[PDB]
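> Given next are the chains, with one letter for each unit.
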Amino acid sequence: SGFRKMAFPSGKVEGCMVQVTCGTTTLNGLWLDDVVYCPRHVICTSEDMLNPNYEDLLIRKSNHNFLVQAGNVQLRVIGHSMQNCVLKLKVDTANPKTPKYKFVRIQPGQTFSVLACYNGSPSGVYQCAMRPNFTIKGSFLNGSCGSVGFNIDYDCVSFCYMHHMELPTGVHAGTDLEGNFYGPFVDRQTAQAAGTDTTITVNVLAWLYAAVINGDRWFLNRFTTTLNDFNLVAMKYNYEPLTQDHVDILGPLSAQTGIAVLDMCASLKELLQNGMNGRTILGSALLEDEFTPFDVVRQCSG
Amino acid sequence: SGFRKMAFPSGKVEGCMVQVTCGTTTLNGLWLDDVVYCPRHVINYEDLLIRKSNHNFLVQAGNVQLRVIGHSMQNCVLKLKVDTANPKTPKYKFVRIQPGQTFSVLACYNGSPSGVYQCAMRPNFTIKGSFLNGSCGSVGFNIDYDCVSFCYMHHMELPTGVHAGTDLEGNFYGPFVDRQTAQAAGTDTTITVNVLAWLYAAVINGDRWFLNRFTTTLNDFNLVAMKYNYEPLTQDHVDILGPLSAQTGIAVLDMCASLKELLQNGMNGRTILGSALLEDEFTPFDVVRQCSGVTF
Ligand SMILES: O=C(Cc1cc(Cl)cc(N2CCN(C(=O)c3ccco3)CC2)c1)Nc1cncc2ccccc12
Ligand SMILES: O=C(Cc1cc(Cl)cc(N2CCN(C(=O)c3ccco3)CC2)c1)Nc1cncc2ccccc12
Ligand SMILES: [Cl-]
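Chains A and B, in that order, are what the protein sequence lines are. Throughout the first sequence, residue numbering follows the entry's author numbering, covering 1 to 302 in sequence. Throughout the second sequence, residue numbering follows the entry's author numbering, covering 1 to 43, 53 to 305 in sequence.
By construction, these hints were calculated from the structure, which means they are not laboratory data. All C-beta atoms in this analysis are idealised placements derived from N, C-alpha and C, irrespective of residue type, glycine included. There's no promise every hint is true.
The list that follows gives simulated cross-link-like pairs (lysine-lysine, BS3-like), each with its CA atoms no further than 25 Å apart [what the hints assert, rightly or not]:
1) A:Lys61 <-> A:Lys100
2) B:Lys90 <-> A:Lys97
3) B:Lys236 <-> A:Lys97
4) A:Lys61 <-> A:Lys137
5) A:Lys61 <-> A:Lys102
6) B:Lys61 <-> B:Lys97
7) B:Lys90 <-> B:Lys102
8) A:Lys100 <-> B:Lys97
9) B:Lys137 <-> B:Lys236
Derived list of chain B stretches under chain A, where covered just means 3 residues or more per stretch with a C-beta under 8 Å from a C-beta of chain A [claimed, not checked]:
10) 80-88
11) 169-176
12) 276-286
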């Protein structure tokens with residue numbers, strides 16, 4: 001019993017964190033096999049904030065300009081290349097602690113663990129979700145760039161995010177491990193605004209199923225809804241549209257609890273209308289949207 | 001910016017988790033040096058233990074079976090001596106924590122780490138954990154520099170879905186016993202010093218709507234705290250929050266006046282750090298560590 005915002009154990013990623021220094025800038029790098037991955041903005045000077053030409057800045061660098069530190073050992077950079085917004089520093093030593101891993105690009109609503117790092121050293125681990133506006137609500141200070149987001153399945157680490165920047169609203173933007181930004185963001189200090197964020201409806205429904213599995217039913221009602229009427233209502237509270245894919249995805253939790261998806265949708269519509277009336281659901285007075293259907297099944301069933 | 005429920009990096013503890021099987025029961029063990037610690041309920054415990062041989066305890070560390078060469082009990086923990094010291098043993102201490110203190114839990118099943126989450130020792134000595142059958146022996150810890158302070162070992166789940174366990178010396182937190190008998194968690198209260206720390210975290214992150222011009226006395230605040238099932242705030246708590254008070258410019262009794270108003274009037278549709286409830290599972294130290302980026 002119980003339901004917590006649970007992160008993956010971070011050890012497999014901790015053994016990959018290194019410090020990358022280029023000039024006056026120091027940030028984190030991810031050392032997998034003989035490559036260190038990090039944000040390409042590590043090559044920017046104070047004059048390359050707004051409109052850096054990374055190809056031009058990179059061509060001027062030598063391998064010995066990149067100082068890479070793995071624990072108390074300086075690694076030797078023997079090559080460098082850029083892939084989209086990530087810099088790949090070839091090193092002369094393969095990381096002996098390289099886990100089984102994959103690079104995966106995630107979709108909005110997906111969750112992942114973040115291992116926040118400073119100076120190549122892990123500081124903490126927390127659970128995140130890719131918001132519908134492609135930002136993440138992380139906890140990051142200056143120096144956290146290059147910290148990564150990941151999931152673990154079996155003994156395989158799926159790296160899905162690399163931290164690049166904080167937007168004016170305190171939310172965070174980054175890329176996958178192929179250097180492609182999530183969202184319409186660029187690794188320039190030109191003014192960029194996150195689009196209006198919305199609630200991840202499918203995740204709220206998953207969390208209501210988690211509540212039912214854990215013994216709570218107070219929010220259930222005798223009603224159902226059509227998918228279209230639900231979306232018309234949900235949109236008025238800035239909830240993401242619920243698609244037939246989301247309904248299908250909720251099938252297993254529906255079968256386990258005996259509450260049809262559209263019946264849970266009617267419960268959600270009522271909660272949006274009434275609020276909680278001093279009650280909580282799984283220790284929260286707000287509807288939680290950073291647990292996916294897959295997270296609920298994993299945490300509640302194994 | 002941002003403020004998350006953040007756990008310590010778990011790698012140092014992951015390299016200590018092993019599976020312990022005794023008869024039909026399988027649970028987790030903590031392998032430090034040449035000893036595996038686990039709940040004694042894996043087995053009148055003295056009478057049940059005397060009947061066991063070393064080979065009855067099957068200990069698996071990854072894909073390797075360890076050899077048990079001795080067994081002894083310390084309070085509610087069983088100590089299985091093994092023939093091999095754990096090469097991954099970190100620098101560690103066993104520490105007993107107090108209610109209100111937080112720690113990270115590395116939830117494990119079959120000796121394999123499944124997740125990590127941060128929680129607090131409730132004033133009623135339970136933890137609002139997230140555990141399924143097979144999670145016994147999972148541990149709670151804090152990290153200071155490179156030293157792991159192990160403070161909790163999971164033993165059981167109470168009827169309300171909350172959890173009970175011991176320190177690593179086998180002493181239960183709370184008035185619980187390791188017997189398959191209905192036991193109830195006492196009425197819980199809110200960890201006041203932690204709520205104040207989290208309000209300071211909100212101020213540091215730009216959430217100031219709940220601030221007010223008022224201050225209060227420690228005694229008047231505690232009278233209001235008692236009324237709302239909040240733990241008493243001591244002068245030690247006030248002193249502990251001193252750094253956050255100096256950083257934000259909000260004296261602890263000034264934050265207490267903000268807290269009193271929140272308790273008597275509610276949030277009025279507003280939130281603080283993304284919560285519509287007052288969060289009490291961040292200590293003043295947690296706030297300073299997170300809002301300053303300390304590493305391990
Ligand atoms: O965010 C950067 C550095 C950084 C990298 C890159 Cl690739 C881009 C940019 N920009 C992003 C977009 N932009 C704006 O939209 C803006 C701010 C004010 C008005 O407009 C300007 C800066 C900033 N670092 C840091 C990463 N994470 C947490 C930090 C918490 C404190 C301080 C820094 C942190
Ligand atoms: O709680 C035990 C096993 C266990 C160990 C020991 Cl030392 C004692 C006891 N009991 C004494 C405490 N008690 C109650 O007060 C209670 C619950 C329901 C009715 O009464 C439960 C029986 C149970 N395991 C598990 C650990 N964590 C999560 C689990 C989630 C599902 C199932 C089991 C889990
Ligand atoms: Cl995805």
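> Which of the listed hints are broken here?
Structure breaks hints 1, 2, 3, 4, 5, 6 and 10.
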